[PDB]
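Only one chain is shown below, in structure tokens, and it's the form deposited without the DNA.
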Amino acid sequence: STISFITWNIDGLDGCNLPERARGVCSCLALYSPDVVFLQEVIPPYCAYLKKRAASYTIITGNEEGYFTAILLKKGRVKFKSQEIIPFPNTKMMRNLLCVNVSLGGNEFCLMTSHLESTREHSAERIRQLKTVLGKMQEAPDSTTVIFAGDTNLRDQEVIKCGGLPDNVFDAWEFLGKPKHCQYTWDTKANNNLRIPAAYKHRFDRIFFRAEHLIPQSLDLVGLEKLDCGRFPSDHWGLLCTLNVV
């Protein structure tokens, strides 16, 4: 059998055109109908809007106030077993690690998302949070399939500069041979929501997994069509991933 998910920083902190952009995100989600959606930078009204328009999804949130992550579970496809929010004690931006244990098909999944500390100057904290995420990924049972997907904010060769990922933790994009068609998920040349004239791009949005039994089949960008307001759903592109379970 196969599983599919979308991971997406939908940029709820940009208050312009936000309902329209929410509608955009939801149309996008409706097109692909992923089993799971990992969202970052959600805000309460956006979350309510999701509860309304993304009605086929069960919404779990990493917080109730400010801005936060969310995991949407396709009703009828994904059965919720439990959730757990691991704190990042030294976050200055309310960041944490949202874990949702679910059953999908006949397989146990630990679904994880976070929006790691932002900006360059908070590299250290971001790395420590990444280490927390990885450790939590290691913690899970061997029977469970562990999938992290989120906005890592990783940049400046931080990962390889820090020794690279552990041996049993795989990057989906790397596993698929680093395709360039979906390498960059944040792109100020292609995306204009931030209205930055200079061309910057990063692979902020990443998918980590641990399993024995899990083979990434595909990786694609989403949210690449402009809306009526002449802007994209978010300053980030979404990442659609499909994986086989064996």
Given for the second form:
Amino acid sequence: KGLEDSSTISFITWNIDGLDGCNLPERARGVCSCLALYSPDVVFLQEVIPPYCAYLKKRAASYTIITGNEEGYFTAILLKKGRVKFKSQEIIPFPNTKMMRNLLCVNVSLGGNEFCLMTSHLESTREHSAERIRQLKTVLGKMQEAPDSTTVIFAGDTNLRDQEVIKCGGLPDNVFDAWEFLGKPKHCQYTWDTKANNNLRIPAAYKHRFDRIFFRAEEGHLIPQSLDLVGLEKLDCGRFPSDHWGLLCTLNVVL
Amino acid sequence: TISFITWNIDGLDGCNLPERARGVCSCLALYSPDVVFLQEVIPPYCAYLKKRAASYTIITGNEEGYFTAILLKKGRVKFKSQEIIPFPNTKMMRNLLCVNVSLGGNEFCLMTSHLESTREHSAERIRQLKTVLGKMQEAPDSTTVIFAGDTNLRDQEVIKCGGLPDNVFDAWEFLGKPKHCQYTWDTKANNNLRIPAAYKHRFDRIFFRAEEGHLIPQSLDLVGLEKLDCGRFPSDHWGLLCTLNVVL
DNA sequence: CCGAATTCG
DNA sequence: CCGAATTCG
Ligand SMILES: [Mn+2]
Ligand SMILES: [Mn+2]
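Switch from the form deposited without the DNA to the form deposited with the DNA bound and print that structure.
To see the whole picture, the full complex is given below, headed by that same chain.
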């Protein structure tokens, strides 16, 4: 990263399935090899567990790790040392979660710009639609509450079905979905695909856009440049890094 | 002055079924209704009814699996025709059973169904309700239309339908929503499914269409409230006994 | 035939 | 972490 790339923020968001203990160290090395290949400014992770933090410290040592909890499984935001200045961490509870989910925010400066970076792992499964929708509203409300000078980016595992966003009140007017913004490209539409991904060993073909990126922008100040899947290569053990694909996104901050 | 019972009698529960069928008919004998609408009849149950209720004309919604039936008291009700309308997307062999009958000079279209069960099949149940309500509108204006059956409805689902049309009435609502016969499926009062929690629903409902004030509900009561010798009820549902007057 | 939990394709 | 079928409370 040099002068030319200084207006861009790049990040990966990825549910890395730390609850699957099988082959986890190797799969963590797979995630870290991806991080090394693209060297993103920021990484948003879900289903991190404490052992996984140790793997990240070993094989992704150039990132500062901010976590959403201390025990069980939780989210994390990784910040590239030397690029990102950490200002503060905020955690917003989801009072009715049954899965210890919450909203993790880190305030940073990057590229001469102030950011509020947010991630969550919204309540899982079709059956918990109602709570997931309540959590989505919590997220969207927090995005709106940020000071107008701040650039707000949410990236996480939303577990959303398209009908559920409509139930919620849609995305608010100054909030956009990066995939939507980019014209709904087919190549990175599905982030969870049991036909292409066999980590869960589900003997059926279902696919969803569970992982999503929302950003807040007044008059063209944040412009998505690219969106691509990562984590689609089988590792030596014959399994993928996760049951999810990751998302690699680049956005330009414009005057 | 016409009377009927509608009742899901749970023929799918094999446990104590013979005793529970006899319990149903003991209850029917007490009230001697002009018409009985039944849901979850199975073939050996229907065979029983053909003997026990030989004084009724028995119309059935199917011949295999489980199905509805309408029983018509001979000498009181003249049977003119039956019609069965499919629910093309049912996963539970549900349909709409109609009979055209008369009582004296009064023509009736009597209808029953067992709408798709469980919260998860709400969308299909709503589509079926729309089919029922549509069919109710098709009878000539001089014909009195009565639907009585196990709708599995939640109140919110009727709203999603847009509400009952202006010329279709719920008999329980018509009588001022009496509390004593509100819930027809009640796991606090009924132990048949052995559900260790208290849930109650008005699943069984009566809709009617009649020329302005030609059909006037008089009473509505739960039946099947007494435990049998086996310590269980005739069904997990209570039945509904309704009496109405036709006023010309 | 509730609502939650679980198993299994 | 799908969804249909099943069991549990
Ligand atoms: Mn997961
Ligand atoms: Mn039943």
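Only the largest set of C-alpha atoms that superpose within 1.5 Å between the two forms is called the rigid core. Only residues modelled in both forms are compared. Numbering follows the first chain given and starts at 1.
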property	result
Position that moves between the two forms after core superposition, taken from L176, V169, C162, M93, with Cα shift of 2 Å or more	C162
Angstrom displacement of the CA atom of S27 between the two forms, core fixed	0.4
Rigid-core-fitted C-alpha displacement of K51 between the two forms (angstrom)	1.4
